[PDB]
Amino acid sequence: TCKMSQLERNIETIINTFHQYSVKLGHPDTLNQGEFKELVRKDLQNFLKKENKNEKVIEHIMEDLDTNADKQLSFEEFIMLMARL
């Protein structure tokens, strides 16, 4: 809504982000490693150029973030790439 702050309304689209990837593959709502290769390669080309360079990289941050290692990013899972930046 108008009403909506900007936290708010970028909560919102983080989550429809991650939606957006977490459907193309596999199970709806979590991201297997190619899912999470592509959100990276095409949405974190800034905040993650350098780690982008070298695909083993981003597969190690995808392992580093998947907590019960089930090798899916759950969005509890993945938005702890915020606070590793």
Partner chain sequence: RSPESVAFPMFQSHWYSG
The other form holds:
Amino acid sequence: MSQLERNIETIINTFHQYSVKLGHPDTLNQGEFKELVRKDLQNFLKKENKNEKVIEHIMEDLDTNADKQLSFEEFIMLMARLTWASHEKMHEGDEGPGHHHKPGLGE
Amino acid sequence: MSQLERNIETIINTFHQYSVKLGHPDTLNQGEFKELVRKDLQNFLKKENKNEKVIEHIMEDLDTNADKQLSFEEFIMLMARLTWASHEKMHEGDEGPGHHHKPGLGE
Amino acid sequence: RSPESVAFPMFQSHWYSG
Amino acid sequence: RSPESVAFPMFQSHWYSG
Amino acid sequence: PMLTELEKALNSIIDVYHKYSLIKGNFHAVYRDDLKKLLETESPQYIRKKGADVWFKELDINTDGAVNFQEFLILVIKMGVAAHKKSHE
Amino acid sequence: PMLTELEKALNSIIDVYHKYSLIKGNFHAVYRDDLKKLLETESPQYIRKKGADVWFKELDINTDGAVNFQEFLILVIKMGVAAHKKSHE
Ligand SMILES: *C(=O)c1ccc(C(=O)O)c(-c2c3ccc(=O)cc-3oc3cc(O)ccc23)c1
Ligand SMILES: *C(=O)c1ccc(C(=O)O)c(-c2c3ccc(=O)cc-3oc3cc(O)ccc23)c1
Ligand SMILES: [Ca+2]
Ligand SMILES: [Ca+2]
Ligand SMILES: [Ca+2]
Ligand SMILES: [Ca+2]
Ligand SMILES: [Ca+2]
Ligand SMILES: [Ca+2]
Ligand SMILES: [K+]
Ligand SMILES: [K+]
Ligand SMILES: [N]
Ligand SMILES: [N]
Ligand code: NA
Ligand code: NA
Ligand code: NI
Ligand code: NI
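Switch from the form solved without the partner chain, shown above, to the form deposited with the partner chain bound and output its structure.
Whole complex next, starting from this chain.
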């Protein structure tokens, strides 16, 4: 198991922790998504987590087939966005030269 | 010619306005890129344009083959990012419900 | 844990039915 | 303008040579 | 202030995508049928000739049955690169 | 505060990409040869079997000869979707 595979494993295991609780066991409903986000994105989504309605629009946006649950396929878009927004913050206001990372999201 | 094709035409025509001025006529060197950005991204990159070194790191980042010019292939990554960052600002702090756009970048 | 055979059904209706 | 036959050569070395 | 023509171009690309994403369903989702309408209306023949379903398979990177905005930007990037090469024929 | 394991996972994906992007050249560019090293070291067999060059053609959406970070996220998304389906076998 590589570093990337392990990270992938952690995304899948975290999704499964909340998807199994209610309704479809392989999808996240509004309440399960709120719980995942409150706990396991508590730093990356600190500011959004203070506004339950912001969390609701995020879920509405990720729910690409409009069936009011997040499949894993829909959810991994949020992981990619947060990864991308973390890397962006590492480079926010970068003046160069060369490559350096400031602290990422939730820091 | 469709709306999208016209927009594509404008990206290509704007690139060509500055790429032909010096050196390779189909690429943007540091000085040509600074000029394109100062004039034609004057609103989207208002804050970055106040710091010539920020503009230099952006070019360094887009210059994926490290030959110190931007090809058109490298440049259209910046157009996609700015388009994406404009749409993000239209949805910044969105609470829903449904779909609505606030003003975009440079506004 | 290495997720193998999670044993409940995978969601598969990745399309619009509204 | 609809860019057709801009007539100067297109840059084509889309790879690393450093 | 007033936007430059380049900046208006980028915002208009947003506008284009939403003509199709706002037809039904999720507001940032272009379903397979909407994508055929998008390709046929907004793209040239040398883009369309690929077939709307081959494009849909290429663009739907998470295979959730929709093209979201970032996936549509893949299409925009490929059209721009293609349009640029054609301008050197 | 201390990051959750999920958040550390996302930052680690950043870290992974940079092991290969910082080998040479542009700091956010993974050239074709670096991408083979990435696939062979970081991905499972059912990903690698595609071939590093078929992956490179898929990921380099702007055909500039490099995989930047957003293009690498296409790879990450496809691996996650694949890993999830396999967990239901
Ligand atoms: C699944 O098998 C699993 C569940 C939890 C953990 C964990 O959080 O520690 C791991 C895992 C390890 C398991 C055994 C071991 O000896 C060492 C482990 O190291 C790690 C390190 C990271 O970063 C994540 C997970 C493990 C495995
Ligand atoms: C190229 O042929 C070209 C160059 C400039 C313009 C322009 O900025 O107006 C256009 C173009 C038009 C040309 C002729 C015409 O009768 C109407 C035009 O409308 C537009 C509208 C937009 O939004 C952009 C460009 C043109 C064409
Ligand atoms: Ca559930
Ligand atoms: Ca859904
Ligand atoms: Ca030049
Ligand atoms: Ca270059
Ligand atoms: Ca999709
Ligand atoms: Ca690329
Ligand atoms: K599952
Ligand atoms: K050109
Ligand atoms: N519907
Ligand atoms: N080099
Ligand atoms: Na839609
Ligand atoms: Na590199
Ligand atoms: Ni970086
Ligand atoms: Ni929108």
